[PDB]
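Quick setup: one chain, the form deposited in one PDB entry, written in structure tokens, and binding and motion questions come after.
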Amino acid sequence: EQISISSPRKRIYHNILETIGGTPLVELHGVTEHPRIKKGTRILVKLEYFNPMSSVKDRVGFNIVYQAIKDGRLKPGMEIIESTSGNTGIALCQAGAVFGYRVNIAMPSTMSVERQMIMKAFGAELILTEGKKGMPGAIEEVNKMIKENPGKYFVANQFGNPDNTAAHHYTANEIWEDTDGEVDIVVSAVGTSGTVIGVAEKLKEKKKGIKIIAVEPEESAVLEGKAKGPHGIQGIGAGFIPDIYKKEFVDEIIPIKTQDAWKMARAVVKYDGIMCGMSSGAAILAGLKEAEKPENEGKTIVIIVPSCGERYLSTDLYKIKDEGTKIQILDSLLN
């Protein structure tokens, strides 16, 4: 067979923010080579690290800040300020630099040492919190900071800001377009849940039969009624239900163990040559568990890949190695 690379975009972008979105939808083949996965069943991954700062959050940082400005909620003199688990902080720095607004961030030193190492360069100004802080380290921090410093700050409030969810109607349109309306199932690991709900509401609008599946850490299955627990899937498992979350739009929630998520992440880069992050591992494994169900035969399954594994080198993601063959590794992951 022949392999054709991408053609010219035929567009000259005015600024980096215009290169956000329109991320590639790619077929998985290596990790899908399994007896119970029919050839008619298509498993596609939507690579969000193709965004300017390699994360799905690029859509969110841009939208939150952009709307706030056109709204009047953010105006000359004020400053953006948020508390995040990583990529959101980065996307806000990217938007701030372009719009000319100084950014302020507060995150838990426990996520990924290199996310902390990106905000400075952009012109940001940090503060970081305790691990096991989960959010009281991210969230509250800014709360107090703003408090006495009145109408000077604009808080992103990613977990409750509707402009987060809204940015994903584009993610949804992209999925619908790229599959020419064949998308049957969409799988998404949840952080703020802006992606899962934003996509769900926009796709349901185009076709109600689509099944929306949320993915969360088994060690902190909060969407499934459990309590905040410790886990290693960076980017998700906030430890509480986001205000922007709407269960009515989610059909099934799948819990994934931190380790299986890492292991899946390893198989995906090894057998498909796609270097996805930790949360992507959880999303893909859950997507593969759907692909083997008898009633999903022939269906088209789209899985969001939030980030790239390179932003996790400092972690244990690629530390331990896996024994056995591919089919061997795939079996341990599915059963």
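Positions refer to the first chain, counted from 1. Here, rigid core means the biggest group of C-alpha atoms that superpose within 1.5 Å across both forms. Compared with the form deposited in another entry:
Core-superposed comparison between the two forms: among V187, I80, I197, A138, the single residue whose C-alpha moves by 2 Å or more is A138.
Relative to the superposed core, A95 undergoes a C-alpha shift smaller than 2 Å between the two forms. Core-superposed comparison between the two forms: CA of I241 displaced by less than 2 Å. Superposed on the core, the two forms barely differ at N173: its CA moves less than 2 Å between the two forms.
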Second form
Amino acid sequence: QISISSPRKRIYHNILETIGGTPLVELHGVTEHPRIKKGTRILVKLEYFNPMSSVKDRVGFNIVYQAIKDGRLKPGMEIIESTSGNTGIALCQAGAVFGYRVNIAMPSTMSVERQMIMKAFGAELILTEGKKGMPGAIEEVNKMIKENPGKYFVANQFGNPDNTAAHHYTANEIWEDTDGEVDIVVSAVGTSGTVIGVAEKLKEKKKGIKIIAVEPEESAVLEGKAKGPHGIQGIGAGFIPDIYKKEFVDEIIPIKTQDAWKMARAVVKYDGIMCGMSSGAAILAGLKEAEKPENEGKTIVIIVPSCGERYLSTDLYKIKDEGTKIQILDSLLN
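Moving from the form deposited in one PDB entry to the form deposited in another entry:
Here you get just the chain by itself.
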């Protein structure tokens, strides 16, 4: 028997109130492996259920809403951030609701898709020199702040603890949804707001929970390697964010870009869940935990930051995989 969702029994005052309370869903297709025991539970928390389909919805909202409550953002000021991704979308959504102008700086070469999304929300785009990358976008933001003191609130996603703090809700949802049974949480790391915010709130609930960060093998900076070229969009920032707190992270798992994409392909094919690239990374790390003998019967929760639809212009679904399901899962796990 299969029951769909019941009424929410709420009228939301605006779209920001629909942020969070994201669903926790059992994996079955990709967990069908002789070495993963029946009792081991592998669950994915689908952050693309947020109104703009990513985990960053929580971040854009909390950063802006807190700044407004704080007086760090007040009438006549504008929001600014250098970002070409989900954070920019999330800031645009918050700014639209609150009635604050949003300025997003990114290299002109970037996501013309996400550019259009940001413009649709009424953002002013600051398109910087393509060859200078994100450093060039940050550079222009700093120049604008210098020339206009008092005008701008900078979101500062990698240094702002309102990022981290938003994920106390993420943690509370994992705790409640699992009835306190969660044993391990796996999170692919971009800003690190999720892994740290979740870790600190869950540790408050149960010290024994294992917290696993995931990063690209090609840019394993949390593990002390250097910034390198990789293809896992949304993670591998190439530095350790100021909001990172190593004390709260129990293990770091490196995942190859190609394996993350291949995992994401298997998850949509065998579970009907259209996860993004970083989710492929997290889920593979989670499956690797799930086959460990010391983890038999444990409840493993894996954060899924975004949906595959935001990746159609990428190479994510371009490579075809050879073999049967078990062949594909063996190739990922070996």
